[PDB]
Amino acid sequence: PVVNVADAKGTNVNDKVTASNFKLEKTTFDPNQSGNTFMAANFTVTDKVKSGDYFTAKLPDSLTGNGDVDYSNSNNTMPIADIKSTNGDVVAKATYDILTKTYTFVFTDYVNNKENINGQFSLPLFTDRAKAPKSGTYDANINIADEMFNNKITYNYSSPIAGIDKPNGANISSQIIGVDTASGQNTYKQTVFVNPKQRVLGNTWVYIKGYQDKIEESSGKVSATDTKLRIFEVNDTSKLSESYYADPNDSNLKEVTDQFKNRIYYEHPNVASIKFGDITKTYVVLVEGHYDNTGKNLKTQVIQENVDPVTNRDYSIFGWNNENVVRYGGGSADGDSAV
């Protein structure tokens, strides 16, 4: 069904581009607390190039260019600030391919009959919650125009394992690891860890709220129509990530969603209630919800409540907050050509 694709286009000119003066803002941070970094580099075009010629930058397993901003509803492509000339003309158009973690800078006409083309650029960088699942240090070697710039980044993820300091106190945690702020659909992906302490909890209930204290302060929309939940039993809690990334097809997870057919209730506005009952294992709840158009930050709160299995007393409750900005500067407009 056709032939080669290797982005042939106006041909790759990484062989005519030299990156230098590579800098990283910081090499240690906590992605669970808005922690992220930045990169900057200089680049000079060593030979004559044309409009349509392009050079690239590739990210290693440990990094992503989009972070918690989901672009799956945008062809899995992330728009990037272009490199501009003093006049303001675009010297090159920038785009980030989520799948190949590759940045593509395509030169415009400005490059036609020009020499000594020299400049610089900086880009935001984040953790790859899926490939850097645990806290620790990773190689973060970056490739710019077929040149390597070695780095080492340390991720100190705030631990997902948290709760009341009591032998069998309530304990739950969460993190919104995906927010679509560009497509217009306004979706978000959130991972919830119920009982990551692996304690024995009686008559436990979990609440996933689309707000924290004031419903009007959050854009979150949690309802039977706006929210989709999938529940999994964790076999080995220590194999559970600290970045909250959780693949529904993970072998360490046993999906028990069906068993919860009638254990999920939408009793109160913007609140999904889950009846877990007596449990001893850790559970993962994969949330796929939406937020409104008020532009308010997406604020969520997960609560876990329970009593002692044996005495049905010794009540305990624990809560965890989440908050992601939904802001997406710019605008969108579309019209139809006249008949």
Given for the second form:
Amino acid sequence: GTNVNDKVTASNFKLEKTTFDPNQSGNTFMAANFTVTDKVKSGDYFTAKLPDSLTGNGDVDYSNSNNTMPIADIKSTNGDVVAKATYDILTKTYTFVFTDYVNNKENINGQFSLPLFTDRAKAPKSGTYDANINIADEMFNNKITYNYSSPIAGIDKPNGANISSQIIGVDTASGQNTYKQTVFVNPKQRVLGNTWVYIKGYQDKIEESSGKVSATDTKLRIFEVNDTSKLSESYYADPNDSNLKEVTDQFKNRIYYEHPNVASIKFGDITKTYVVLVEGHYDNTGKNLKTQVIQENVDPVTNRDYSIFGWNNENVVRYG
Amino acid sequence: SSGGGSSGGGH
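Okay, that one was the form solved without the partner chain. Can I see the form solved in complex with the partner chain too?
Every component of the complex follows; first up is the chain already shown.
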């Protein structure tokens, strides 16, 4: 079919909320009505384009589903399906493809409501961004504000343990059941001694998380950060960023899977912040993916003042 | 001994 954006008009455009914390499952929604001005055929389609600051998928990853996010059918005013929808992760564009519905009608009216999330990579810092959305070649302007919970967290002492992390991608569609997680080791960039980091596939009870952390289920890459002030708030981290120096090879025989569902990492005495990128898997029990990372250390000078900090992750799913 | 957490979301 043909692109029929000039034949479709969106109205009553609404954004549920303009300010939120994407590190606390903050998201928003967009709702609009549309009407087909002219007659169109089955197969014809119209689109919506998100701006740089937004994504239609958030922390759900569709890279194993051809980078294409399936969307719930779009309905007429009358409750029947007018269009089947698809979201393209790469171009951040929804494509609404008219069904046979449209073949015997005129004056077709529909509406949709779709969740919207931050783009962790293009809005990596707290602040305000242009959230201008394009629907059927028309602009609907907004301002988005992200108050990210700071990744810089830890015991409040110059030599205290400090660590955080965020699950930034979960593949719930393909059946492969993968997840990507960023861990910031020592984000306060303190001088710490005998530092250990534990990446757990669960929080307090093994049976309560679908996480699966092991030598066969998990891959880790470790980066020494050069300038900590460049690090994101969104937990996005580019493994090819020149601000990151890969040291995975140095940790080759310093990562242990001595315990179930747990990756132990021996950092030792450190004075720089690290990024640990985790690619993992979760099981088929239908339990939530619930993780916890823990860093422990002592004062590098007195070998006393033991300290330990934990950080929990879990994600939520929204519907349109 | 202390801690916090964060949470994400998607569709």
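Numbering follows the first chain given and starts at 1. Only residues modelled in both forms are compared. The term rigid core refers to the most C-alpha atoms you can superpose between the two forms while keeping them within 1.5 Å.
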Of 258, 139, 267, 89, which is the single residue whose C-alpha shifts by 2 angstroms or more between the two forms after core superposition?
89
Core superposed first: is there a CA shift of 2 Å or greater at residue 316 between the two forms?
no
